[PDB]
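Next up: just one chain, as structure tokens, the form deposited without the named molecule.
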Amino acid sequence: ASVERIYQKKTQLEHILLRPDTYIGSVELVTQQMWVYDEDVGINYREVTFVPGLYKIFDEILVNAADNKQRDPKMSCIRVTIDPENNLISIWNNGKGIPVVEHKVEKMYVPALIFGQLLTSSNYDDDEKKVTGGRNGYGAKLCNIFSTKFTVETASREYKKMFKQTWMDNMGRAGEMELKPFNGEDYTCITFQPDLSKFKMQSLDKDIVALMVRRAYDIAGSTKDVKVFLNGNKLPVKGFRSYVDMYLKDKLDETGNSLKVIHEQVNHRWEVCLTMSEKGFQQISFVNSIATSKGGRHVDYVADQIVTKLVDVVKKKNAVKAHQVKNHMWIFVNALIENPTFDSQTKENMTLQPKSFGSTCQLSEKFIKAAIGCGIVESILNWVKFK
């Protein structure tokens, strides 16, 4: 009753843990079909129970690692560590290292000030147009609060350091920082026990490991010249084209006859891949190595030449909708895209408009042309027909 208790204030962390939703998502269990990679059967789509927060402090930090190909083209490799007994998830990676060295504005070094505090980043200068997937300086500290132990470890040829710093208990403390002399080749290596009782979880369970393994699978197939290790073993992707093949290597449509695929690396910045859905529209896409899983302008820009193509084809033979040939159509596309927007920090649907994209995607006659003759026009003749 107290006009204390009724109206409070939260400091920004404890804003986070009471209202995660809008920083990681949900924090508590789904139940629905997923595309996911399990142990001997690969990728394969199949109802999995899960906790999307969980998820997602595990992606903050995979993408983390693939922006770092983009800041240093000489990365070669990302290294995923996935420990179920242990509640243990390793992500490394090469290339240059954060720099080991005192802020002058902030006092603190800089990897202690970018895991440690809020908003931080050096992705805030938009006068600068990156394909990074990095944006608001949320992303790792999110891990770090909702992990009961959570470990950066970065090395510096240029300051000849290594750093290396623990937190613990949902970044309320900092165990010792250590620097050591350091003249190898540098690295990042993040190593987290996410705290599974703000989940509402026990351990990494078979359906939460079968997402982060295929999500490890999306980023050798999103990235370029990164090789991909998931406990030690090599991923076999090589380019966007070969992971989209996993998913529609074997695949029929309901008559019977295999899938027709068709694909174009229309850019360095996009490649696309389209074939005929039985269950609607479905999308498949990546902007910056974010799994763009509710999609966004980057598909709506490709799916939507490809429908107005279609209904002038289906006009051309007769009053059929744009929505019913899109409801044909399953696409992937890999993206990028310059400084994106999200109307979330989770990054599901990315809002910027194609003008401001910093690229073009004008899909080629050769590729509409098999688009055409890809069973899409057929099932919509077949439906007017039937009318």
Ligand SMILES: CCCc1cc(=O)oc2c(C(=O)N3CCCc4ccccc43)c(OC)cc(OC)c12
Given for the second form:
Protein chains: 2
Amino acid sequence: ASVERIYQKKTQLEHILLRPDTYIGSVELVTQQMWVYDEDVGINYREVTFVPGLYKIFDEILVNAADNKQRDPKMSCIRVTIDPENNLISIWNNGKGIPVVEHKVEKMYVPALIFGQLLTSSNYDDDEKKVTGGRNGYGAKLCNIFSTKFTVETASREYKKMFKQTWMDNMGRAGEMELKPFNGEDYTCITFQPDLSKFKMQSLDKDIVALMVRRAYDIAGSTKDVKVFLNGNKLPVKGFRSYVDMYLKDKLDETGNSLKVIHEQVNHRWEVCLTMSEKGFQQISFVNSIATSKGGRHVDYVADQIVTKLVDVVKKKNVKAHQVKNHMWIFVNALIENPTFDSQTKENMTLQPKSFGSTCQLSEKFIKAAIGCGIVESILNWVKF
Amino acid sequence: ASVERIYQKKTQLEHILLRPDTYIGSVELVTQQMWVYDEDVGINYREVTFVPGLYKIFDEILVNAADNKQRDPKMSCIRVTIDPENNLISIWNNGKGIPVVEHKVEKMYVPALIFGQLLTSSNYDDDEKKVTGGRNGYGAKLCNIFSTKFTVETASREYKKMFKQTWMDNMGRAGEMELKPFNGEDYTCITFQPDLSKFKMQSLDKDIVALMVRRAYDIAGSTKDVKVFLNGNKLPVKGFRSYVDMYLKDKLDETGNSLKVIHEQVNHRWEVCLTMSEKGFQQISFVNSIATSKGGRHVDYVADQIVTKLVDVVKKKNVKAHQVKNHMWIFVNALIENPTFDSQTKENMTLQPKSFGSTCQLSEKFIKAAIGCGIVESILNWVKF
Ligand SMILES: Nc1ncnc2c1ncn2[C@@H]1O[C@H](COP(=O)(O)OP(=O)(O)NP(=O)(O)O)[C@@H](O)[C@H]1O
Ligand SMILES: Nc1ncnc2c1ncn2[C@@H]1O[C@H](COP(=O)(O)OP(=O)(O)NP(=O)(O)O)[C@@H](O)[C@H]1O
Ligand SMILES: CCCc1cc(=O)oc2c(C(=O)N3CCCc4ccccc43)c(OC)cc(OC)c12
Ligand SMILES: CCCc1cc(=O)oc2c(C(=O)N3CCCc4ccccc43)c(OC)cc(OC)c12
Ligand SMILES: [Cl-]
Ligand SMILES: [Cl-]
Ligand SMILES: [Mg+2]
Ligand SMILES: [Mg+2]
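Alright, leaving the form deposited without the named molecule aside, put up the form deposited with the named molecule bound.
Then the entire complex follows, led off by the chain already shown.
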């Protein structure tokens, strides 16, 4: 047992491949109940088996595409294609492309820099209060590292050029940089082959495809003025309200009545829905289109208002906060300035509300409509005993 | 508005100081209810205001000290000093010190290598199934980076030497290395002054000191055959059960009765306690002496057995799992082989039970003592309504 074998130093790439968990999530198979979109039945809540890391390297490129809408408000469309046979995933989007020019500081072209070098980002200047999802300068490079082949193509009409380059073998080598004269509609397309040996999978199977499809529906439902192609098929989502309705299409509660939905778009950065939950406290939230599956201070900031109001109400007619919360199923779509998270996977948004860059005070009509639901009634019937 | 201002690349240290959240947690103030050890109140649950990152850089060194017990069973003592007036924290441990010799590969001495270079660890060979908390090779360098002064002292009798060296200015520079002849009992002492400017703090105030002291009590409760000193005073903790008694002593439920405590040390790697909860589902768990404050699959693995058995018991009489779970307050102390987590802060342990390296099937005696709790009675009083 020599010292040189015991104590080792790893490069950034070696550490990412050796310890992928804090970067992309688990690289082992997980079986858990998730919301998916199947070909025949659409949105459904079913138990799925999948590798979180593969799903996450898909989510990174998708959220980058969504952030380009914040970068260029004239962007209108995303196009996602998933071909399991050839193991090929493409994410394309319109709007301003990446500047095709040499970086005077790092001495390489900008797409090569921000797709083949770790810790590269346009979000490192926090004096700019951005509502994009990207924060750390990892996601695209992480998807590159966990792919066998990874091609980036982007066209800039301002620079009148088009860039295309390919990385291979877990970002261990790069192909030929192809530059061509360009003068048409700006676009960005990322096409990658997931390294299924890193995830111990044979091919892109059904569960992972359904999860990716539901993620495309999420992007269609959380962004503004964006249509989403999926294998050339548009996603019929017109607003966060219709997206939320996709989850509760005439689904009844345990007594037989249709679930009552209380909805309000508070402002240009917050849209909230609330309904009854049988499975305890549920939340489906988005921060800058990022699916925050663990929630965060935005969800707390929205839900604690309802909780305090209902607690005061039930105190009038005579209680714990968690009892009120466990009957709530809340949907939040929020745009937060320079959000912080627990990890690269960004499942828990930890930014304090004072730094949100916006507010989300619920209207008195929304609050009164929340009083009308059977939450207060059930809790008041509880407190009697 | 130029390209080189927009698209930027950061070094590892630069990125850590610029984006500390995924490395150490938030560097902003947090106000939330925590368990702390207040002088003359002992352990108590109260609101505290603190910076998570400061707490975490303390926790990293404390956990490393605990890990040395797994490295060397002959180790017997950890000594913690907190001097708020001089902004000094010192963590000393006995057992085998770090080898004081030049690392032939990295061409420098081993302590300097593993405390002044990022991505350096003895835990990178997962063919070795270890139950240490160290996994990534960051923690000690993270404490170094967020300290104005960070001194490592370690003695190796095997190499007949003693190493001492100090880094300053956020691991920006290092002082002179001291190598002295040594032929005594090995030890390792880490002494640092946290860079409180990075945390917008002026001194180690009451709340952060109480949190650090409660963490020392955590270590005294979660480790085996290790004495824990705090400022030279012995912590009167004799096992996980007495540690839990520090939480559940003289506690009463809202009706006026004492709480039923169901305890079992399943094996040398698992110890569990269970009681009632008036605040919803509560858990206090440790993995390899790391406080997993968000829980994880070890907590789920222990709690789902209780939940399913109580569910069967309630189904016998003429209920959902979360309803049973919300009445539970569980304590879990576990040793997990090569655990994985969502982030460097290791608050959520994500390793699947099948990879734990050990099992924890609760005894029929424990299950029967659990069905006799007020959980089943409260659930059936709810069903009667
Ligand atoms: N579809 C896209 N359209 C335009 N710019 C893009 C697109 N995808 C990526 N980029 C740019 O490429 C950069 C690198 O992306 P990425 O590696 O994901 O880092 P990031 O998004 O800034 N932060 P993070 O995702 O948290 O690591 C981004 O910051 C964007 O400036
Ligand atoms: N008190 C100690 N006694 C002996 N060896 C130690 C001690 N503290 C640290 N080390 C060694 O120094 C290495 C660096 O520690 P650290 O940077 O915390 O990484 P790590 O503990 O291995 N993994 P992590 O803490 O999760 O980032 C450890 O892996 C140990 O081999
Ligand atoms: C491990 C992958 C993380 C994850 C990723 C994802 O994309 O979705 C998730 C959903 C999930 O399907 N939804 C619907 C869309 C977005 C969303 C936002 C917040 C909460 C849940 C959901 C989910 O529902 C139990 C649970 C999840 O993690 C346990 C994940
Ligand atoms: C960012 C700090 C993370 C954190 C760190 C810590 O050390 O403790 C915590 C406790 C806490 O006091 N305890 C008691 C001992 C250890 C423990 C283990 C698991 C769960 C809770 C606890 C806690 O109690 C709600 C809540 C916590 O975070 C929300 C934290
Ligand atoms: Cl997160
Ligand atoms: Cl974590
Ligand atoms: Mg990104
Ligand atoms: Mg460590």
